[PDB]
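Novice: Listed below are the residues making up each chain.
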Amino acid sequence: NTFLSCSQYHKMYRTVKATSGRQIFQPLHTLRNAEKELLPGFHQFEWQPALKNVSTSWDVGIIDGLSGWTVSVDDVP
Amino acid sequence: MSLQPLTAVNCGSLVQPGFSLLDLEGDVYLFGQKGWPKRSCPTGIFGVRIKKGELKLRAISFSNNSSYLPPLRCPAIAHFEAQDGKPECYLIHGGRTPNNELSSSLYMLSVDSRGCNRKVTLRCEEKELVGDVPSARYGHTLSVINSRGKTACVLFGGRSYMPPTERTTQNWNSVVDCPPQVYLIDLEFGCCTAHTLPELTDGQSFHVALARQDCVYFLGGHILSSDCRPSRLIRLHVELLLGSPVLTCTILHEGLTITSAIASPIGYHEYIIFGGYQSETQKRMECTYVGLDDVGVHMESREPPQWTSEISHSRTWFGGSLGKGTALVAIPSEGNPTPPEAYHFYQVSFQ
Amino acid sequence: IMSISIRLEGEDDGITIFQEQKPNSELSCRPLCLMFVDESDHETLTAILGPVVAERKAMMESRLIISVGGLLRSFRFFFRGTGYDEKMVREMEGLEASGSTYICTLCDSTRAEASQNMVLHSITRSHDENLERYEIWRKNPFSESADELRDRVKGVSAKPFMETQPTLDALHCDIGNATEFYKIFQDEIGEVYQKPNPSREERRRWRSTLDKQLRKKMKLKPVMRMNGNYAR
Ligand SMILES: [Zn+2]
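Protein chains in written order, with the numbering used here: chain A, 1293 to 1369; chain B, 797 to 1147; chain C, 311 to 542.
Among the hints, a few may not be true.
[As the list claims (entries may be wrong)] Calculated pairs, DSS-like style, for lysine-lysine (alpha carbon to alpha carbon, straight line, at most 30 Å):
{"#": "1", "chain 1": "B", "residue 1": "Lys834", "chain 2": "C", "residue 2": "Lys367"}
{"#": "2", "chain 1": "A", "residue 1": "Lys1328", "chain 2": "C", "residue 2": "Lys332"}
{"#": "3", "chain 1": "B", "residue 1": "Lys1120", "chain 2": "B", "residue 2": "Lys946"}
{"#": "4", "chain 1": "C", "residue 1": "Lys469", "chain 2": "B", "residue 2": "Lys852"}
{"#": "5", "chain 1": "C", "residue 1": "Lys367", "chain 2": "B", "residue 2": "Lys852"}
{"#": "6", "chain 1": "B", "residue 1": "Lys882", "chain 2": "C", "residue 2": "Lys367"}
{"#": "7", "chain 1": "A", "residue 1": "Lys1328", "chain 2": "C", "residue 2": "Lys367"}
{"#": "8", "chain 1": "B", "residue 1": "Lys848", "chain 2": "B", "residue 2": "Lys1120"}
{"#": "9", "chain 1": "C", "residue 1": "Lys469", "chain 2": "B", "residue 2": "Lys923"}
{"#": "10", "chain 1": "B", "residue 1": "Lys830", "chain 2": "B", "residue 2": "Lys847"}
{"#": "11", "chain 1": "B", "residue 1": "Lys915", "chain 2": "C", "residue 2": "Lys464"}
{"#": "12", "chain 1": "B", "residue 1": "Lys915", "chain 2": "C", "residue 2": "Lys469"}
{"#": "13", "chain 1": "B", "residue 1": "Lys834", "chain 2": "C", "residue 2": "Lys464"}
{"#": "14", "chain 1": "B", "residue 1": "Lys834", "chain 2": "B", "residue 2": "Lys915"}
{"#": "15", "chain 1": "B", "residue 1": "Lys830", "chain 2": "C", "residue 2": "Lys332"}
{"#": "16", "chain 1": "B", "residue 1": "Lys830", "chain 2": "C", "residue 2": "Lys449"}
{"#": "17", "chain 1": "C", "residue 1": "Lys469", "chain 2": "A", "residue 2": "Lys1344"}
{"#": "18", "chain 1": "B", "residue 1": "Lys946", "chain 2": "B", "residue 2": "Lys847"}
[Claimed, not checked] Pairwise CB distance ranges (calculated):
{"#": "19", "chain 1": "B", "residue 1": "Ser1145", "chain 2": "C", "residue 2": "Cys339", "range": "28 to 38 Å"}
{"#": "20", "chain 1": "B", "residue 1": "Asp1089", "chain 2": "A", "residue 2": "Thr1362", "range": "44 to 54 Å"}
{"#": "21", "chain 1": "A", "residue 1": "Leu1296", "chain 2": "C", "residue 2": "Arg340", "range": "18 to 28 Å"}
[To be verified] Just some of the chain C residues that point at chain B, by a computed CB distance under 8 Å:
{"#": "22", "residue": "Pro361"}
{"#": "23", "residue": "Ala364"}
{"#": "24", "residue": "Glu406"}
{"#": "25", "residue": "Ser419"}
{"#": "26", "residue": "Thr420"}
{"#": "27", "residue": "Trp447"}
{"#": "28", "residue": "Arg448"}
{"#": "29", "residue": "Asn450"}
{"#": "30", "residue": "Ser467"}
{"#": "31", "residue": "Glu511"}
None of these hints come from the bench; they were simulated from the model. Ideal placement from N, C-alpha and C gives every residue a C-beta, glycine not left out.
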């Protein structure tokens, strides 16, 4: 919510923790592990009846929109 | 075998990497304009002219009886010999649209009248196909033949999509090679037929083909399933031993292993060939000539017109032939700043 | 996500369990896809959005089962395609562009018939019937001439691909009205129906005197283009 970048975050984190005797914020790795529960591809579900020509997999995340574009130079790039 | 740089005074925002060129009754027509037709010309087909080294583009028209065609991307081309019933015609099928899907429909383009005031008039008749219909695809090959002495056509080549069973919305833009079946196609009726011979080891795409006197030779292209580009030039001999349209196939030794070629007839059965792409990244460079007869196909390495540097460096390129040795090649004019006309053009002549 | 209502179990066609309180603030607008390609080419845009469109189609009928709040619950969706601007609106409806005889995205009337009457118009446009008109245009099962066929097909020239119920833009929604009232004032300082056809001189004259008048009484500078706040 404030564009705050990772290097910054870690810096001010060490800063405030070593500043006043406490752990106010959480370090990155654990914050991000906790995050992984908010992006797409984390909850199970089902669909009745099954979708038409849609991969039954459910755990995927950030995909590439080329959709497997056969990279052969000759054709449209 | 000389090259000279041309430029389009205008009408530059409208040439996609694929397109086709037909010649008939004098002038030459470009087909397959990028995106759908604007208001300027609802047909999309453009009369293309070279005037004093400049490139000019005017609009084309149609009759009322004409059936209107979308701007296919990279379909197959075929010339119907001028005779009864209507000389002459060009058969087009089927390529893909400004959207990603195939036509699976045969169309026949002809010229009707002129001028009056140096205008030209055409028409496009769709021909329904019954069968035993050929599968929709693109980048395949089609050619015309006469077997004692009846006139028909042969279809072979082209990739396609996975069936709507493994049609996967994460590979939904992947292509795969259609199985290697030859197809026989008459015009009236349009009853198509599917055939296969064991020497048809595999289908491929972008393999230029040619034929003479109802015998057809497929030249070099590229296979994706094995990532290779087989030098197998393929012969087949077709005959309608009425009422059985029987074919016989065979593999020949030498076929040039380049892909996506550009061809111009300098005479009756002679073809100067620019060729587009030999290897996976190294584009084709040489300039070849093909004669052909019952003796066979004879090949020669004609003099390659000495390219410029800016063309010698770009990755890919394309073009067509205005007719009779004449030809146009086009390179992505990748530079700064973008005009936005991103395509340089070279006129190229034989002898 | 716009709204959620109920359908169980009797008549109960809908109880709005949740309606969004402010759909405009980007705070609530979730992204789905990003593409480093201009809206210009139809090629790349269809190339990428194809999977998306086909998915949206395959997502209307079947019912989604969610493990929500500890319960396995069933979900159906209704889909509106709205947030497009006129340019792409056409570009995904198959109409020509831009200001030709066919002007209204809903009332397929032309300019002249919209000038005869201005409010008797029934919403007849729909994605399916436009698909049908495209088939009509391509086959031409009557072999009608070019322009006459384009008339009998009513704007449908290119196969549309993206079902989307368009709506009036709530953003501009005023700018043509603004320039119209502006022309009204400029031609009312003139006696335009007393001198029916004036040239550019009296045009610029009326403009300048009107703008000095507005600056004098309401204290507003003249402008070249009409944004929102100037119109307001
Ligand atoms: Zn209406």
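Novice: None of the hints should be skipped; say for each whether it holds.
Specialist: Structure-based check of all given hints:
1. B/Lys834 / C/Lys367: 29 Å, holds
2. A/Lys1328 / C/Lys332: Roughly 28 Å between the alpha carbons, so the hint for A/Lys1328 and C/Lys332 holds.
3. B/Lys1120 / B/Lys946: The given pair, whose Cα atoms are some 27 Å apart, holds under the 30 Å limit.
4. C/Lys469 / B/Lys852: Given that 30 Å is the threshold and the Cα spacing comes to 29 Å, the pair holds.
5. C/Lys367 / B/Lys852: Distance ~44 Å between C/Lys367 and B/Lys852 Cα, so the pair is violated.
6. B/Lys882 / C/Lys367: Roughly 45 Å between the alpha carbons, so the hint for B/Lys882 and C/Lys367 is violated.
7. A/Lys1328 / C/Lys367: Holds. A/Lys1328 to C/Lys367 sits at ~29 Å (cutoff 30 Å).
8. B/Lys848 / B/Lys1120: 18 Å, holds
9. C/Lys469 / B/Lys923: Between C/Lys469 and B/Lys923 the Cα gap is close to 20 Å, so the pair holds against 30 Å.
10. B/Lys830 / B/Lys847: Between B/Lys830 and B/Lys847 the Cα gap is close to 23 Å, so the pair holds against 30 Å.
11. B/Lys915 / C/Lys464: Roughly 27 Å separates the two Cα atoms, so the pair holds.
12. B/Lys915 / C/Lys469: Roughly 29 Å separates the two Cα atoms, so the pair holds.
13. B/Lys834 / C/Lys464: 15 Å, holds
14. B/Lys834 / B/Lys915: The given pair, whose Cα atoms are some 20 Å apart, holds under the 30 Å limit.
15. B/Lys830 / C/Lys332: 40 Å, violated
16. B/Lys830 / C/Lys449: Holds, at roughly 22 Å.
17. C/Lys469 / A/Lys1344: The hint holds at about 23 Å.
18. B/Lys946 / B/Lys847: This hinted pair is violated, its Cα atoms lying about 41 Å apart.
19. B/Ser1145 / C/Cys339: 28 to 38 Å: 58 Å, violated
20. B/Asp1089 / A/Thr1362: 44 to 54 Å: Since B/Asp1089 and A/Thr1362 have Cβ atoms about 37 Å apart, the given range 44 to 54 Å is violated.
21. A/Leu1296 / C/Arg340: 18 to 28 Å: Distance hint for A/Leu1296, C/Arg340 holds at roughly 21 Å.
22. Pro361: This interface hint holds because 4 Å falls under the 8 Å limit.
23. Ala364: Since chain B brings a Cβ to about 6 Å from C/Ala364, closer than 8 Å, the hint holds.
24. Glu406: 6 Å, holds
25. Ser419: 18 Å, violated
26. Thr420: 14 Å, violated
27. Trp447: 7 Å, holds
28. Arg448: 6 Å, holds
29. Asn450: Hint holds; C/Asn450 Cβ to chain B Cβ min 5 Å, cut 8 Å.
30. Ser467: 6 Å, holds
31. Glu511: Hint violated; C/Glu511 Cβ to chain B Cβ min 33 Å, cut 8 Å.
Going through the hint list in order, the structure does not satisfy hints 5, 6, 15, 18, 19, 20, 25, 26 and 31.
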